Amino acid sequence: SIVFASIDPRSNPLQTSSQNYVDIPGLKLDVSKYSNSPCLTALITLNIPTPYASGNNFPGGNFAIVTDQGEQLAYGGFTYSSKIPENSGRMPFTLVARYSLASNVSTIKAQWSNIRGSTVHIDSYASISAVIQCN
Amino acid sequence: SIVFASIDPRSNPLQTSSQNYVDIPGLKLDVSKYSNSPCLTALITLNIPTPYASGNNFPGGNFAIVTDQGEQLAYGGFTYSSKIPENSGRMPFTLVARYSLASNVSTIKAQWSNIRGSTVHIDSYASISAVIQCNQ
Amino acid sequence: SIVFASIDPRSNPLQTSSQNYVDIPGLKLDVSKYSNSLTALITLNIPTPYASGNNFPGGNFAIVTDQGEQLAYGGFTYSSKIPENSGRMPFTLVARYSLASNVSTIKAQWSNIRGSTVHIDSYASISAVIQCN
Amino acid sequence: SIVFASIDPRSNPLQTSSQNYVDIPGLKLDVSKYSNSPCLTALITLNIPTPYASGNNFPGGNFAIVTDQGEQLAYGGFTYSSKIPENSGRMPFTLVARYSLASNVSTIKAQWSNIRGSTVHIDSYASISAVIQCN
Amino acid sequence: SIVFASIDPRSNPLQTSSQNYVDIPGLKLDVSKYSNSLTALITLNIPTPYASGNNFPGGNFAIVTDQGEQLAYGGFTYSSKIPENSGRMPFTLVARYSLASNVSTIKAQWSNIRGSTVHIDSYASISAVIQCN
Amino acid sequence: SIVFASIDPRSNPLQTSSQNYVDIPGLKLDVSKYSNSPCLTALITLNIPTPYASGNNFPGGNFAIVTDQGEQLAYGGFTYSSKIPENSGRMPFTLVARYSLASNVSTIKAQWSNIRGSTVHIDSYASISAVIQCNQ
Ligand SMILES: C[C@@H]1O[C@@H](O[C@@H]2[C@@H](O[C@H]3O[C@H](CO)[C@H](O)[C@H](O)[C@H]3O)[C@@H](O)[C@@H](CO)O[C@H]2O)[C@@H](O)[C@H](O)[C@@H]1O
Ligand SMILES: C[C@@H]1O[C@@H](O[C@@H]2[C@@H](O[C@H]3O[C@H](CO)[C@H](O)[C@H](O)[C@H]3O)[C@@H](O)[C@@H](CO)O[C@H]2O)[C@@H](O)[C@H](O)[C@@H]1O
Ligand SMILES: C[C@@H]1O[C@@H](O[C@@H]2[C@@H](O[C@H]3O[C@H](CO)[C@H](O)[C@H](O)[C@H]3O)[C@@H](O)[C@@H](CO)O[C@H]2O)[C@@H](O)[C@H](O)[C@@H]1O
Ligand SMILES: C[C@@H]1O[C@@H](O[C@@H]2[C@@H](O[C@H]3O[C@H](CO)[C@H](O)[C@H](O)[C@H]3O)[C@@H](O)[C@@H](CO)O[C@H]2O)[C@@H](O)[C@H](O)[C@@H]1O
Ligand SMILES: OC[C@H]1O[C@H](O)[C@H](O)[C@@H](O)[C@H]1O
Ligand SMILES: OC[C@H]1O[C@H](O)[C@H](O)[C@@H](O)[C@H]1O
Ligand SMILES: C[C@@H]1O[C@@H](O)[C@@H](O)[C@H](O)[C@@H]1O
Ligand SMILES: C[C@@H]1O[C@@H](O)[C@@H](O)[C@H](O)[C@@H]1O
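Protein chains in written order, with our numbering: chain A, 7 to 141; chain B, 2 to 137; chain C, 43 to 175; chain D, 7 to 141; chain E, 43 to 175; chain F, 2 to 137.
Hints are computed from structural coordinates only; laboratory data are not their basis.
One should not assume that every hint holds.
To be verified - Derived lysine-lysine pairs resembling DSS-like cross-links, with alpha carbons at most 30 Å apart:
no., chain 1, residue 1, chain 2, residue 2
1, E, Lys75, B, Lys29
2, F, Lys84, C, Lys75
3, C, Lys75, E, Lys75
Said to hold, decoys possible - Non-contacting residues of chain F with respect to chain E, defined by C-beta distances greater than 12 Å in every case (computed):
no., residue
4, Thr46
5, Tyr53
6, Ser89
What the hints assert, rightly or not - Chain F is faced by these chain E residues, among others (derived, beta-carbon under 10 Å):
no., residue
7, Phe103
8, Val106
9, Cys174
We treat Cβ as the ideally placed atom computed from N, Cα and C, and that holds for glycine.
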């Protein structure tokens, strides 16, 4: 089966300047109905196709897929090559994780953080999804 | 099930300077066998791993996943951080969409458009794909 | 079904200056059980690579079978000749493979460009969804 | 998925002389977790491989598959050819039904009744099962 | 997936005295959508038939494709030459079919034995479970 | 998935007068590819549509579905209602069992045995089959 959530914050853009991972609002999958099932596995894809980061010390952004119990299943990020980009461009990002559904996990969700004091921004479509299958 | 289409236009590269979204040639999925299936969902992934854009005003490219009825299911894009890039680099791009097959749609396809007068280029492998699963 | 492999080479980063495609260690899927049948949709996710060099550096990646069949390839490059500090350029590649053949392994490979060195020092994955046609 | 129940009343045989359909104890499938699902269908098989009926007026037995709301999805039965069988033999019986799981149905179960005043008997293995699939 | 058909011919019972297999009306499965692919496991359920006659009567049943392929057959007969009142003899038959071919329909057929007349006057079904190998 | 085996021994009919259960030749399912699969269940159907039994003391036949480790998953049988049937009629028989594949078993097979000194006969099509499904 497929589980899916998307956001499109074009009229209310999101941002963070957090050095620690924090939730991206709306990018959460409710997997409660599949919880406590050792024979099920989720393949999760976080797709943030048009992010950017502003700043003056090689700005960038990090992203993670995490459970409601705070377990980090995957992480990665983008950065610019110049210390002070002329105009911080859009740097597509995708991340793929796997999770067994044996535990009482309720939610699988996206998080983000900054780098070198940047501000990360999302102002357009992004999604989190999973394919759930038997082992 | 899996539906898949790829291109590899190395000998006859593709480009667009269209301001409006137009089809990327060859990146279409035929889902007609699954049309009006109320219990099925498609997770669609557009993978353009090696595009670039030429131009002189912070060039880039936009991409979308669209039905044959013109419904835009997802969109996004890349841009460079310099006004006039020294040598427009390859900027990998992936886009993921969801589509309920409770519809009379026959085709899902990839679209692209330019930004600030750029030209977008594909000269190598790219794909569009879907995983089609029962909701239960 | 789902097949999956990941790496996270923080304490011993991976690098290549190979002009020809070479395996990325740890990013291999065993599809043994499904050979001679089914289609696999394969996603290579390298979310945080970079490449060092002084001539428009970048990195190429491929998904290959043990039969030597290149199913997909692509790469990233920088827009400057000599990047100030080669940035992280997220990369994802998606391939398909019919499991009608005698394939056992589907794996990731990488290569350099213009004499670069490609680097992975954090999480990356390869995965497949295997389904009936 | 498969749902399954069996009985083996070798040490506590079951019988009925009811002219109206009544439940066969233990031959019930709980389909609660699949209820209220218009996209799911059950294919149900009732297998009573070794029944017999006693009596003196062409004895036999009837069986049905029914929902907890009393909807009869299938029926059939066996009978002997002689008015007074010398020793009522075992007459294997199987019945197959289909049910959409759109409704709030909880249970799918077996029932039995007599014919011409017989007594129907089960004293060995019998089962009810279903294959549940998406439409 | 499940394909299913049933009949319940109480107000207009069905009968045959045909020595050759003939279709039982209403007991046909449309497998159109699955041709040229998958296996079907097909169950014919005739829970309450009987046969009239005076020379060890009985009835035969088969599962057949529209290509004329007999996938399974079997039948019931009585142990007495002239049954006092031909009793109900439950019948089930199970077949398999690979859907690699161009088949559209899988259906039930029946025939008599030793000049009997076979009868169905109550519920009966044909069904299939269609699955990937 | 489906696993299936059939026989049709018209030219070389099968019989048993064994008091103890023995294998019905040819009616075996190989489930070795599915062994030790904790999340899978098999629904097994033994279909013997046209057996008969000869004998002179209320003859009949017994049938079972058994694993290769000797575990009897289901059983049942037919018998005639007369001591000495005039002409032992064909008595259709079907048996359904469940088997969890959380086991190292490799084969599921059909078995038969006699009753009251009968001989059981199969001279025509018969099958054993399983539908194998994930529990979820
Ligand atoms: C910061 C700056 O953002 C982008 O330029 C914006 C432009 O953004 C639109 O296009 C991008 C794709 O490039 C995304 O879809 C955004 O969500 C869109 O809104 C607009 O916001 C206009 C105002 O209408 O302002 C421009 O500056 C981007 O093109 C630049 O490269 C850069 O990242
Ligand atoms: C080459 C350089 O690499 C990154 O800066 C590193 C920094 O890397 C961490 O952060 C990135 C995300 O940007 C990845 O998660 C790495 O796996 C991390 O290790 C650290 O390694 C520090 C150690 O002092 O060195 C920095 O240079 C990146 O942020 C830069 O933009 C650039 O790509
Ligand atoms: C009424 C009578 O029942 C059977 O004879 C029983 C015999 O039954 C066993 O065998 C049948 C299969 O024929 C079933 O598995 C029963 O559950 C078994 O118990 C035994 O009960 C013995 C005592 O041990 O008594 C016999 O009369 C059957 O064989 C007859 O044909 C008839 O239906
Ligand atoms: C030929 C005769 O048929 C049956 O007796 C019928 C009786 O049939 C009903 O019951 C059977 C189950 O035994 C089926 O459900 C039929 O569909 C029913 O109709 C009735 O039709 C009455 C009408 O007066 O006639 C009887 O003869 C059966 O019970 C006999 O054993 C025998 O096989
Ligand atoms: O940088 C990667 C790039 O390398 C060469 O230019 C190829 O012709 C392109 O299609 C692309 O593969
Ligand atoms: O009564 C049915 C019966 O008919 C003939 O005797 C056949 O040889 C048997 O195999 C069986 O099909
Ligand atoms: C247009 C050019 O295409 C290939 O040569 C890449 O290696 C370069 O980085 C640039 O994108
Ligand atoms: C042994 C005999 O076999 C076939 O000829 C049947 O038609 C008979 O009814 C009997 O079972």
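Verification of the supplied hints:
no.: 1; hint: E:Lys75 x B:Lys29; verdict: 23 Å, holds
no.: 2; hint: F:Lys84 x C:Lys75; verdict: 55 Å, violated
no.: 3; hint: C:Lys75 x E:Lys75; verdict: 28 Å, holds
no.: 4; hint: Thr46; verdict: 6 Å, violated
no.: 5; hint: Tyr53; verdict: 8 Å, violated
no.: 6; hint: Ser89; verdict: 6 Å, violated
no.: 7; hint: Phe103; verdict: 8 Å, holds
no.: 8; hint: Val106; verdict: 13 Å, violated
no.: 9; hint: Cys174; verdict: 7 Å, holds
Of the numbered hints given earlier, the model fails hints 2, 4, 5, 6 and 8; all others are met.
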